[PDB]
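A single chain, nothing else alongside it, follows as structure tokens in the form solved without the ligand.
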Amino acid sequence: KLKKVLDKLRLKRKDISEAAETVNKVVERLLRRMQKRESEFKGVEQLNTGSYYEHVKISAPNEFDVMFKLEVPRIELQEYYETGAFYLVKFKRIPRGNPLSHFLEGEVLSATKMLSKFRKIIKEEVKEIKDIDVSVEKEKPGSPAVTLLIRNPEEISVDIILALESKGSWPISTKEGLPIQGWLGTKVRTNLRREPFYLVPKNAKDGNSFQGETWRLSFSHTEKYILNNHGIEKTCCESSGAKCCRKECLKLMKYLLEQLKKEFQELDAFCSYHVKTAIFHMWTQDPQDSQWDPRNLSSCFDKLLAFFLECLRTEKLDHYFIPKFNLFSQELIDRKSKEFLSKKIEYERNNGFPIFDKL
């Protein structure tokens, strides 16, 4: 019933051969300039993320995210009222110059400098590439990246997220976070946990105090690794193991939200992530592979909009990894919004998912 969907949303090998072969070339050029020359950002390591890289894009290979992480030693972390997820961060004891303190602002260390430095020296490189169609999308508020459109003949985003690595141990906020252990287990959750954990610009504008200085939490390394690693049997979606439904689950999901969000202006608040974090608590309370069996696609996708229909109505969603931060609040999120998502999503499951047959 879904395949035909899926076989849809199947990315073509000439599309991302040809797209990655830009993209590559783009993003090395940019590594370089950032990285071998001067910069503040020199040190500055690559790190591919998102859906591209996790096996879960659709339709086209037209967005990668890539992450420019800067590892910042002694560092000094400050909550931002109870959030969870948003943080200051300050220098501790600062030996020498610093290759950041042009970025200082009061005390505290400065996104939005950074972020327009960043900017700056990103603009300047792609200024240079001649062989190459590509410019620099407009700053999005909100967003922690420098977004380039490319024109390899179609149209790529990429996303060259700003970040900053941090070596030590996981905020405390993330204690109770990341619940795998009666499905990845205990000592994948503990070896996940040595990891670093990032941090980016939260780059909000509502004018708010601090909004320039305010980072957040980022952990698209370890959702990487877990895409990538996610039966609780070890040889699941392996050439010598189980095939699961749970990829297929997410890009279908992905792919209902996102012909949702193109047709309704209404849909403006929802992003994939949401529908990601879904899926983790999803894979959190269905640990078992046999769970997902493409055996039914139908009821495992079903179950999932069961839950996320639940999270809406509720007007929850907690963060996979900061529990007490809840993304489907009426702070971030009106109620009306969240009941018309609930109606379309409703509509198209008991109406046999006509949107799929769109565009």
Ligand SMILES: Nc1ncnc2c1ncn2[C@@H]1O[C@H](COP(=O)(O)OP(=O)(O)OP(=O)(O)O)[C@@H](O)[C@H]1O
Second form
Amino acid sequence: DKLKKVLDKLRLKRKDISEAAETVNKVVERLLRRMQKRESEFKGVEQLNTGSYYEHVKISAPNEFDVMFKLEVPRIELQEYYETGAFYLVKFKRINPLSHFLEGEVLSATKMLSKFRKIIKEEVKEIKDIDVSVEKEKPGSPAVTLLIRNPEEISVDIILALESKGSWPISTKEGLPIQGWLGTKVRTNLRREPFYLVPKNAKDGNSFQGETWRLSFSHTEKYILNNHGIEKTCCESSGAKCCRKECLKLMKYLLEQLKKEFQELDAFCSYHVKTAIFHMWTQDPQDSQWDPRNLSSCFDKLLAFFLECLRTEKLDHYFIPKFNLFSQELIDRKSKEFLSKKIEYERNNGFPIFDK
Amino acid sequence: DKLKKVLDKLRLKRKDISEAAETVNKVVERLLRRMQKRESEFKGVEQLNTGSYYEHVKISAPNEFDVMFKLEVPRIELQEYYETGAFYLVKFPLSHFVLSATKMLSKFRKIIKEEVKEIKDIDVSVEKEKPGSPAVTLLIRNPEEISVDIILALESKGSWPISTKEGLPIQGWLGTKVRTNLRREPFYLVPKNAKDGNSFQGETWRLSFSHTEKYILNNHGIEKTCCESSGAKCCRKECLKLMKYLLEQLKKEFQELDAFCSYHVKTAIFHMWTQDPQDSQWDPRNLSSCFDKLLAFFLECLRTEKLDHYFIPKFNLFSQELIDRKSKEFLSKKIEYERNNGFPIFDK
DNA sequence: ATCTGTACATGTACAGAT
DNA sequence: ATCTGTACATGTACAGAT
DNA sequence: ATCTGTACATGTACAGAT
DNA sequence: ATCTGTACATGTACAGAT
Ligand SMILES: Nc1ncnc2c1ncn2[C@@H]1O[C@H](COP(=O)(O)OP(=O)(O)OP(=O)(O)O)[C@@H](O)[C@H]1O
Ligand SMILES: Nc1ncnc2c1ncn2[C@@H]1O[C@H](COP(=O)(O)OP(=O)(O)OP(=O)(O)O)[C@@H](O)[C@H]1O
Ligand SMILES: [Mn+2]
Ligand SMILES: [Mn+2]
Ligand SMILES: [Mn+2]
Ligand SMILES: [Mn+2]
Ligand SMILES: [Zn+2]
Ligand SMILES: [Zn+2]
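The form solved without the ligand done, now the form solved in complex with the ligand:
Below is the entire complex, every chain and molecule, led by the chain shown above.
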């Protein structure tokens, strides 16, 4: 009931959705069309909407949209980057519009991203209907981010992705453990869909920096978010409603509110809570372990699970089991203990950060 | 325990499946070849396997197989025949055939008969044509008797006909998303090959949802994991097998049941699966009461003379027009007897 | 004349609104 | 409870191309 | 256009375990 | 008696090659 009111605060307004989507779809459509023009290296690129807004777990406002511009690259060979599981070099087999981004048969990611960014920047210049600019590049980001002032501020991440239709890389063989929850047929069908590669774009100074790509499963996460129950009728008009998405929203909002205040939490991002709850949904497969009447204890057990991931320094990528999002190389102990304490304080004092 | 032993009897043998299928697949691949490996009107026909063998509810022997040869036809107008729900006139390569079902079936049949004639490695012939059948039926002996029904079908990719809008009522069982996706698939038309002497009989086709029934049979739980390797077994298919066996055994003995077919049983269990959607209502420990509830539901269908097409609800398969009252009362008496005596007919 | 990539046309699950 | 805007899957029309 | 290759669903069969 | 793990078998979706 206390959490029932927070969700009411977090709920998007149709008026805002309508206003924001009108602008966003206009800008996205124009950019998609410019990539189809001339001898553009990105001709054939197709659009895939992803992220919280299209999973219906966007909270507070419709002010951030994620969209994949995906390009199918056939006849592709991958080299895993130093057994990390998630990062790859991409290589080609013949001697192609990606000609100008090739090196030693190796597809440069920062070369491709730069050209992609240059096209988007020029196209944005010739929009005089909407107040829209291109954000300064961020290290580690695979995206060209648009800032729309619709009056209201709106971010759009245009994510460049390679699309391979072959079978998924073996580092994912033990990932996606949905057998006891969504089952073997769903798992088999999901793994028949393409996989995606986005630029790592780390800028950190290490070898292969500009030629490292990162696996993306945004499309698989979108399907799961929207087909999340063991029962096919879960959250449908002739079935029972669960509180799975509501628990994600509350967890997202806790991290968002804390990150707004404490810049010690810069290492953390909402993908961490999204990954955590995919494990909770696998651990607790039954729709009855997510009854809306038990929202408080369902949110609590998610917090307890997240706190144990922070303390034990282990939050395995849901799709790549050997990739630890909470490794020391990515987040130091200090950052994790700080978040542990901040969460435990919220937990134990009525969630006062929900009232800010 | 009695029912478990019956199901052990009904179970097909790996060796039998392997010998029957490699011969059936030989013949079918060759007919499918001929259909487009010639300037025939059926160039572009594609194969779709259907029926109990491919749903894994075939019982006793692998001795009957069903195959659709389906052909895409663009821009066709349907016209419902006299409000029957299931039967239609088709209208606008094939212009040798208003699209007459009788005219198309016969050329299709003539092709198959010719290709069967030039098969020398398998003992195979074409059964005499049956009024009422949309099929060309092949008889194989290797030495086991095996019959194959080659079913000609038109494939339309528009919205399903209006008479189905109330059909397929899976919303509380498989859900709205499965229903919407199933209805995004094509719908099929097959010949109505009756000789009854009625008016438009020769150019009427009948709706087929064999493709949709296959998906259901193999995606039948309310839980996605039903009968999967990380899920629980249910006894839904076993119940269909048992009810199928009861009717097969009765039809063997009683000529009075010639009007009944396994599709009646299949239809009745689709309604029971919709009435009782929870997988726990089909627990394997409760096989007996599950079988009994199917019997009771089937008997209520007989008693009220009402068994609606699961996809076309106004089409009553138990109409007085199609099955006489005395047939239904005869079958009622025989089922009530088997029920009340421990199913003696299951022991022979 | 026919061919075809682009985009309209149709239908409905999701979830906010009343 | 019903009404309703957006997203999205798939079927089809046709301007401009061949 | 056609056809093989791959992966894993659905089954049956059976020994060893419970 | 049933359950579980491995072996053995066919069916079917679709990527990629030719
Ligand atoms: N570090 C990451 N590793 C893998 N995938 C990621 C990562 N960060 C983001 N993604 C993918 O990109 C999508 C968009 O990311 P984003 O940061 O906008 O979050 P979101 O899930 O849309 O939620 P919100 O925008 O409301 O914070 C995610 O849903 C996820 O699929
Ligand atoms: N009267 C009918 N109306 C509609 N569809 C039918 C009818 N009879 C058969 N079919 C379709 O054709 C398929 C093949 O029918 P068939 O008579 O071979 O039975 P079956 O379901 O395969 O089982 P079995 O052959 O083991 O009795 C059916 O499963 C169904 O999809
Ligand atoms: Mn986002
Ligand atoms: Mn983003
Ligand atoms: Mn059959
Ligand atoms: Mn048949
Ligand atoms: Zn749900
Ligand atoms: Zn089952």
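Note that the rigid core is defined as the largest set of C-alphas that superpose within 1.5 Å between two forms. Positions refer to the first chain, counted from 1.
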(message) For the core superposition between the two forms, please identify the residue among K316, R37, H55, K324 whose CA shift reaches 2 Å or more.
(response) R37
